[PDB]
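Take a look at this single chain, the form solved without nicotinic acid (NIO), given in structure tokens.
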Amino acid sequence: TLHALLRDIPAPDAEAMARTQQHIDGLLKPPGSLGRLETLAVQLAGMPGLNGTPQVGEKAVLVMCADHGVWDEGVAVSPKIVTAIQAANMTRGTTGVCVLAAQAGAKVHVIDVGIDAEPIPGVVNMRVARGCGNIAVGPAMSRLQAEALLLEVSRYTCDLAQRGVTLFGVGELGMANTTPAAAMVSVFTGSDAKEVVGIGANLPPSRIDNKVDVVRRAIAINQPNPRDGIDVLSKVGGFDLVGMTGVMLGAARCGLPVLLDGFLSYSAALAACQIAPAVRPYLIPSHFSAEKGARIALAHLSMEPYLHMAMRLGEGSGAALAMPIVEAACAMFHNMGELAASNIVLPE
């Protein structure tokens, strides 16, 4: 059951963190000189699934794929089938996330949570329906549906942990996905749609107006309650969004770190944190998405990404690209020499 899951998310280990901090301070460098790498190391040491130290075992990127009924509103220029095509490509290792994950030594897990096509061999089957409801005229799905998918994904996630995975990355694939993402951000942050609606996958500037209108409509019609993340996800989200949120809850329950991706991922994170604030300490930002509503979303999460690449591909590509940074914090922690051993003495 979900209340359980949520109840059992562990708090960070302050004891391990204090020990890490001390250790870091004693390394062969001026104190605090490695800035964010230091902070990251300490954050990791506090994660219970990591065994009191910054460490990275196996790495996995979970890609949540699904179609959206809102596509029918003219909010996306990519043909609908691209979701299904790209999902298959994920199985062949030719996509952007695939290439970047291989470079990071991570394995990619492609999960179908609701593609509007026949099942794709090689893809993890967790399909809710053939694409979610069109949010412009009603809810994306039922609360039950959302809750069940949350449970299902969270479990799959924590189970990988059982197989040696210590670091997750989350991603999505779904045509028209920046629409539900903007709606969610608008609702959670109380920003006006104009402020958070972007061009997604090369939407022409002309067509923007309509996208903003669709977003407002979705919100007005559904009346999602901002204090209820599940309410929001079910009404104006999508299966893919629900799935990403589920990865987050799962990794937190498991006491392990999750690397966010871009805009879509920020939307899901907002939901996750609303649902369970205890999730927060397990999230690690990757890059700063080029999507318009990115700054607002990040501000609400109080997150400052490490990478500024103007990326807007999705798929979990940003997450993969940041994995080496996480590994660097561990390397720093473990392999650097100590000041004391050099007889070096530097003022705090």
Contents of the next structure:
Protein chains: 2
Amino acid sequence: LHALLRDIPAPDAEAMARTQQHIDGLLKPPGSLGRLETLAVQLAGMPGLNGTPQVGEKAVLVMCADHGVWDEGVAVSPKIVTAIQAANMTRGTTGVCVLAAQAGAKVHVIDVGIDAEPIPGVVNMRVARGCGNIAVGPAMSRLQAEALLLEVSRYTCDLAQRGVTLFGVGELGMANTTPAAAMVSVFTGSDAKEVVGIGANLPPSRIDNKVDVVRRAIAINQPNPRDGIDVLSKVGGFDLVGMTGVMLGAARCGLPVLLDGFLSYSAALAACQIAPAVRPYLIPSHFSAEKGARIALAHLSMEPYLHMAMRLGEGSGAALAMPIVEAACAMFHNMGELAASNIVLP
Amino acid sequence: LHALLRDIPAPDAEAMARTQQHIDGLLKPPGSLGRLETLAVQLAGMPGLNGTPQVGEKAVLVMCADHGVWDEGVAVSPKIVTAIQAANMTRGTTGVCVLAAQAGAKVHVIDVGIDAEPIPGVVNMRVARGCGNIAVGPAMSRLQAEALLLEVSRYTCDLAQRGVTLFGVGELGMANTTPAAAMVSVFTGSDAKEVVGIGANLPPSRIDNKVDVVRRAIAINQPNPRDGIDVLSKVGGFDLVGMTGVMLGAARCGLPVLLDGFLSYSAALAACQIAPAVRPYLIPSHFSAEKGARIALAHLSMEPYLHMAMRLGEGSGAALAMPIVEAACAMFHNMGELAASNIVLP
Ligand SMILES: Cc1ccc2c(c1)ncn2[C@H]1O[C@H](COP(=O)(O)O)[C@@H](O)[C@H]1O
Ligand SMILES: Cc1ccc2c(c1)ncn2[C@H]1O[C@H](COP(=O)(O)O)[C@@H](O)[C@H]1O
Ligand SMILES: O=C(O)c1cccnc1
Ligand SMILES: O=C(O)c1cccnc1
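What would you give as the form solved in complex with nicotinic acid (NIO), now that the form solved without nicotinic acid (NIO) is on the page?
All chains and molecules follow, beginning with the one already shown.
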């Protein structure tokens, strides 16, 4: 793991410079394609991309797990929904599934800790049958967190070996917006009230309770904000850890990762805390409708491309943004050049 | 024309109600897909869509024309660029071309008034060799504006006959951000300084001049804000008129139109002024980096989905948003249902 972290490559400034120059020469006023140009340059700097903005195969990794904190009354979805939805993931009837197929991405469902019998067709990496209830103690042990980071990290990079060049992250886990808010609070130093949202339709009345649980989780565990692994283990969840692991793996592999929503922002904060070298590989997708979204994004210094008021999770926003990434590549490779038309601008 | 306007269909509330109910029953927390759900409902209300969110063939209509106001020093691109770029449109090397191909849309290049010899391969609807210089008089005659609206309107609806279900609008015309700012100022009652931008890289120093030209155009022509046709004819351009005409045609045809950037917002304001019934058919794409974008969008009461800091025009933003529209359809038609999984939420 320390190895893993040590070996994350820096971005290739040389490739980026060449990309910039090429973009500037395209059939358009310079800088006119805005963020699409910036994105293209970003991709070019990623070592696993072979010095150019390109997209081969696409995959969305969905990390599923249950949380003990569900017992605190923080979620209206029945616990079993995690197991059910996970199975549905295998049938392609879920939101991410439909969106991924639309983008031509393949969905990978990974069980990192669902509290139910194993689901056939789902990749098994189960840590335990749900994590500990963060309201009264830690979600898991440091060892447990580290091992999972390791395992997921490797799975991720292994996919790269098989042609995958673009990843998307997602999750599934009733009550998961609770540990997510906890992490956000800790990493950003914001008060719980500021970052706790309605998650999956939590009734406005039930909010106060959710805010109390978060505070309690923090007070009780005393997570160290300067130690991402500490935070994940104490007030996180298996799903959140899995997401952070995809991020670490893609970065080590020198490949891009599309973030999703609120849950993903949490994981991103952790990953960047653990390894700042991870940052350059991350790509925002959409602006989650979760209350704590703005605070979380500010801390990540990210401005998502999509404003859809989405709040489903599963990696749905990530799938939705994939065509944007492909568009930046298309721009890069298929547009004509000013010079060739004898067009001269100032 | 009055006929045309008279016959624009109202949206089908019945279809919309059925769509809403269907969406609510999908495998997800209700309302969780946010704007994607709203979009799907919007599409269902469009009569040419056959009571369901669906996308068949896609087309982007690009209206090209030159402007006399170019002579006022408001644009850094050489005048000939319009003619050149238009030809390039026929070769698929332009920004819209590349993006449209990515979305599987076909680009239609229409010459409504380029000041050059006719370009083979380009649809000919030329009004004149460039419009009048709005700084000293009107761009064209009312008759001229009306006829063009008519002609474009018809072309648009005719495409519908051939399978097109989704349109995108775009333009090409050096100096066009000038008449656009003029229209915006007039329709919204905002001062010129507030809505005049750098267009295609106009140097910050040269701005004042551009602001003066706009004021002059207005003072001199005295366009009537309550009369969209009056405004278009006086301080608009052939390209802007063409765009408004696509909007009127698609609406009459009961089909959706994706807006583009700043130029398109101008045209949208005019169309909505001319016929409010047009509104429900319009769909924002991206948030243009042009200074007057915010004011224009507010008046249209629209919140674009994409924040890409784009400012190229040509219908590039429109092409970029097409996959979003298709995504809403996919959601609608391919997701599974809560009931079927025995999932019960509150
Ligand atoms: C039927 C259903 C319900 C929720 C779902 C879902 C499908 N897909 C994602 N989520 C989202 O809701 C949960 C987080 O919200 P809270 O913390 O309020 O539970 C996670 O499962 C998240 O993926
Ligand atoms: C090479 C080139 C230049 C401009 C272009 C373009 C390609 N494609 C679109 N535009 C954009 O720039 C023009 C409006 O900006 P202004 O009012 O400053 O001229 C229009 O042609 C608009 O389509
Ligand atoms: O932003 C998300 O991804 C999200 C928000 C609420 C509930 N589930 C997921
Ligand atoms: O927003 C646009 O479409 C735009 C802005 C500047 C120059 N051309 C087009």
